[PDB]
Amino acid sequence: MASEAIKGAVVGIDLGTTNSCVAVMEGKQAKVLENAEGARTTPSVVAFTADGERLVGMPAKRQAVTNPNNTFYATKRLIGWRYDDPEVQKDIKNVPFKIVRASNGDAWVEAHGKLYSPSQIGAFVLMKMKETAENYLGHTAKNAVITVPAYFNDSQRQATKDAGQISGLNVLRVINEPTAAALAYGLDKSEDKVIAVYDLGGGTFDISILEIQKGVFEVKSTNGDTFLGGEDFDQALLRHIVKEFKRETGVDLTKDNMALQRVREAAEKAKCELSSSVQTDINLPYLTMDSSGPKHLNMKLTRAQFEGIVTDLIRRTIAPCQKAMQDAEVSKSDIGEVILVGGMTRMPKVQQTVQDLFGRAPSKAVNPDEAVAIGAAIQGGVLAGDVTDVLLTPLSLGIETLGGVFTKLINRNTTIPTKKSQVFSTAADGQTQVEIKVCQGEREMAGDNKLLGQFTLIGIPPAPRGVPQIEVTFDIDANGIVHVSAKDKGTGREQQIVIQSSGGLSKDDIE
């Protein structure tokens, strides 16, 4: 079968259970695209109004209170799941909306007397990211790569393929989340190894042990914690702050709402701050109103206190890792690399725990928040698309001007067989000799970088300054052969210069 003639762009959509992400391969690196409101993440919430609407994203979380029986949130827990299943039976009680039984025994969702399958909700979210990717691209995107968790069956993969197809999107291939993380971290072009993927920070925790034999990733074992995630750390810090404030003054912010929101945002800011700084402080002036007057919150929080608050949660990420190591039939010495994914894999306690569990220093070369989407974009670009061709300059060149300014005639990062032309005027009125000095460098001063050669153009008709025009054309050809010449329309007398070898003294002179 011949070439597919893709002639299109492949986007890597990370269809998350709470927060999604879309990334595209702009040049040599995967670039994550931002939606309309400037955020780098589209919440996976779909809600329908009374008459008809398809509010997806933040405009669907915001209106959730006025529309509690129609907003579908975190529907990735019901994809490809039969209605008469333990997971759906446990989930139906908690979700305010009505999960109904379909004709083919599939757990569907209900909205204003219209039947929606869990694939269709994800299809609508995929339409949202397709719009937010077409906005950046300019032209429509047809082929895409969507990621699924490593514990998904083949039926769930088929369901996600259908969800991608429904949203006018021919799904290229369904990838694993650990495989996408490994691709983003750059372990695709590596020899045979065994690695483990630490996914903590989202709404769930997942640990998967991979294998990179023959350049293809094979999943060995998967495990994790269902009821553990990055929200519990924030909740623990919030509860500690509330209790400390109540002890300090005597007012509990639990009955408050605006004060609770301010305290929650300050707790998130401090928690994100308590990863590169030892000590932090939380300032929230005019937090609450009391008969005695306004009350201000001022807490000094150190790293040790934060580590002691959430120590139980991090401890809970130890048994699943050991079980995954046991089921993978590899001890702590087989694992040759550790992949960190998720938002909560930044605090040094989590990294220390991971190193203790695996015996290796975890790799933190890629922002763990958006590694899955970046890996999906990279794999989509490599698999189909003329991007690998582009996969395969410490100094530049310039000339001398009358004012001494190092004009940049040619760019730094330019291929050798490139010809460019530029016209220049005479120095002063009545001038008859035009001199051009060739130098190599990046600073804006010809003499402060190098001194290669000098050639003088002799013979020009008399004219007032600014009227004569001299065209400078560079004819660098082949590889390493430099042709520097100046052309003038006045007299047929030009000059040549060699400048074939430059920058021989490659040392710290630039530095």
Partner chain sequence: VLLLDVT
Given for the second form:
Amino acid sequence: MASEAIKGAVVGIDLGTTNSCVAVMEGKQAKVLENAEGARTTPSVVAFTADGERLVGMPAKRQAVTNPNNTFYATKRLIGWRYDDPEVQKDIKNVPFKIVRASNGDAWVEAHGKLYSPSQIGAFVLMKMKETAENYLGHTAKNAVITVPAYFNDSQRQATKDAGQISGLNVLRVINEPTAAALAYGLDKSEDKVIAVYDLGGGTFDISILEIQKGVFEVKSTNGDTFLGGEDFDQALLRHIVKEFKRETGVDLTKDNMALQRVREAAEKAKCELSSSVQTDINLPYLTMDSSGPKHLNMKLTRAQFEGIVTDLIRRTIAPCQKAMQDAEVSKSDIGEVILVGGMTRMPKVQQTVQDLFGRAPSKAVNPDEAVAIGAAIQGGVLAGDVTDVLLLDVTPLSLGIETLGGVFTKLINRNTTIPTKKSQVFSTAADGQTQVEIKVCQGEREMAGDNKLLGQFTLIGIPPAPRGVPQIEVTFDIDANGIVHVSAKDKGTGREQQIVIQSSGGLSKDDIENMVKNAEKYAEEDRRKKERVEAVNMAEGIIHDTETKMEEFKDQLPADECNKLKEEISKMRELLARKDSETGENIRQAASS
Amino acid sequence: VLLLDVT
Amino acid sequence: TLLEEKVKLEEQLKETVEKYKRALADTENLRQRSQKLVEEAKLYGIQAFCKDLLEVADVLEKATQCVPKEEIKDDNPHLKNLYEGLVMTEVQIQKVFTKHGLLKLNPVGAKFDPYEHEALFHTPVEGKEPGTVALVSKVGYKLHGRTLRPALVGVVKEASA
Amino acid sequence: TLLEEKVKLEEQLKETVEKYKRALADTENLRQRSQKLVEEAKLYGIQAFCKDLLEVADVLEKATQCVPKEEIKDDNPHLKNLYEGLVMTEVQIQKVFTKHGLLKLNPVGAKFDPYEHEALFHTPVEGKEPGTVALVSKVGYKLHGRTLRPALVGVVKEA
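Can you swap the form deposited without the partner chain for the form solved in complex with the partner chain?
Let's see the whole complex now, leading with the same chain.
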């Protein structure tokens, strides 16, 4: 068949067991969309009330206690499976909700005397996420790319496709989670390689060995631990904290409910803090109230203690990965890249284990929590419409602009501006009676004239005399095609134009984009301060010039010895120790009235 | 000779 | 080959004309969505800061509640001054909270709404309409209609009889 | 006749490709400008929040510093417990402030800086350099490196 003419917006939905994420192609990069509550990840929970409701997400989690037999969670472990299955038989006992058998002998669910397939719960979740995407987009999201685990068979992939179709989504393709992570990490455009995708942090641990031969991804092997996730690490930390609190004081927080939630949140923040900091503190004033008085929790937690608390859990990820490499028929030297997915992989202990296990320092340049959805968005942008056209659209490496009377760097075109762009700005003459106007073109990121570079320079000669500020000169940059900059100065009202075709439009393509903007951020507040200083100097100089010109116009019966505040202004000018001269700019007195 | 800026 | 090549090139020309039309549509849609996002970021954007300070506000309220208030006396003047400072701090944090749209949710007897309330228990209570909130364990907050923290409530259940 | 079709098609194709590239670059620049506008709105909201947040921390710290340290003893259990809870609360407040870019300004002995400090009074002090913060009357604050509230300092003069 010919081109399908999608001509629309393709969302990438990461349909997870616990939490789902949706992202879209925002030009050259994927953007993870936040839901109606401002959270980027939506729980895959659906619930039905007595009369009729379809609470999806956190609204269903909050109501779960009041409606435990009609709140369906972790249904992605029931999709594509028959009723008479081992794993389904283990799962039916624990789940509070009802799991029934359909006519086709499939494990369905029951809610107030109604039958829903495990694909229909996912369809409701996908409807919620499609609404989330549409709210940001403003139009309908008709196409979608939905990710599935690499161990799904064709039946479960078809169930996911049907779930996407029920939600009103034209599912372009059903992608893997390892493949989506590889696309997010940018291994799609790479030579033939074997990569390992380390997925720790969700409700499951997954390790998949992939091959990128010919430019396409093949799943060589898959493995993991089903009963290991990111909740176990937090549970271990919380247990350690409450045990320490009971040891130090004598009160068990397990009986308390509010205190347990406070300690759980504090443990989550402490675990997130022990990935960049060696030590952390857990402060919880007024944790519990006793007959002897309130008790305040104060714990010092170091990274060594944390990595000793969860050492067994991390060690439980070494046998599955070795077995996955055995199934793929590869060794440590045969792995060309390691990919980190999941929020629990940010600790240096997990990354050290991965490096010691695969022989390669893991790739951690992408947010592991939102990598599958971002890769699905990338794949959707590639599959449909034209996104690669914006991918080949070259952008400016560094910002461009011209000079300014006070040495300021007036920025016409900023740093990350696509090349075929024309921008124009109008500027006035410097002083009264000025006829020669000179343009100084320079490139950089600092707010100063000569502190960045100097591309070229020309002159606009020929200007009718006029009072300062009245002549209008339209300086326009004409960056066209791909590359060279056609700077042109236009004297609005009259002729005598000027032009230049300055070369080296990012010709020195190097890490200057990474380094010149690196030290332009540290030296920013000081640069802003000096720029404000020179702006105030220019304003005060203009005001004093206006006052002097007005004073030299009226002289008779003018006892303006009190109007000598310009002396104080000049004294303030010769002082590099003040914030700005705007506050002392109140020197525009015109009591003479022309 | 230096260009100004419109306020 | 000349005529077929010309026809194919004209087809490509029409395709890229349609691409240009699509680009104009996309930039119009982007203008609309950007004007939406700016207002959204003006309303919210202190969401993370507010969610971080909620626990400080709760701790200040708990501190006010914890002092027995029988020891607030001129006999103990330093505990009195500290208590007045704590009370002033609590009223100040609640005054800056409601200034920026952060409103407290305390549904003492409202109907259970699973969009601002997180049910903690389903204990049946006599004399109360089923489905209402029996008690609020922790007050919830919301800014500009966005439920930051749900009110941890306890919903009542129908009598078993 | 038929050759004119080639010239017309080539000219139209080049003009249309130029227009299409320029229109595809317009949307990207508009997107980047919109991102800048949204970031500016977020920054303004957070700054306006912090400006009125500062008073809460000021009141709490003044309250917990008023109490002398010699009366926090075991024969006043209610004063000791309240003092410990309140100092832990202000530590929590300052940690939350630091996490979100808001940093304190306590330039004890640091050199004077007009962009961060405000000279409440000028008085010579022995053992301290001129133009140096001998005493800080009120603590200042910084938001992302820019002074949200200048510190009220005391500048050593020449005697």
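Just so we're on the same page, rigid core means the largest C-alpha set that superposes within 1.5 Å between forms. Shifts are known only where both forms have a C-alpha. Positions refer to the first chain, counted from 1.
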item: Flagged residue of 109, 314, 159, 409 - C-alpha shift reaching 2 Å or more between the two forms, core superposed; value: 409
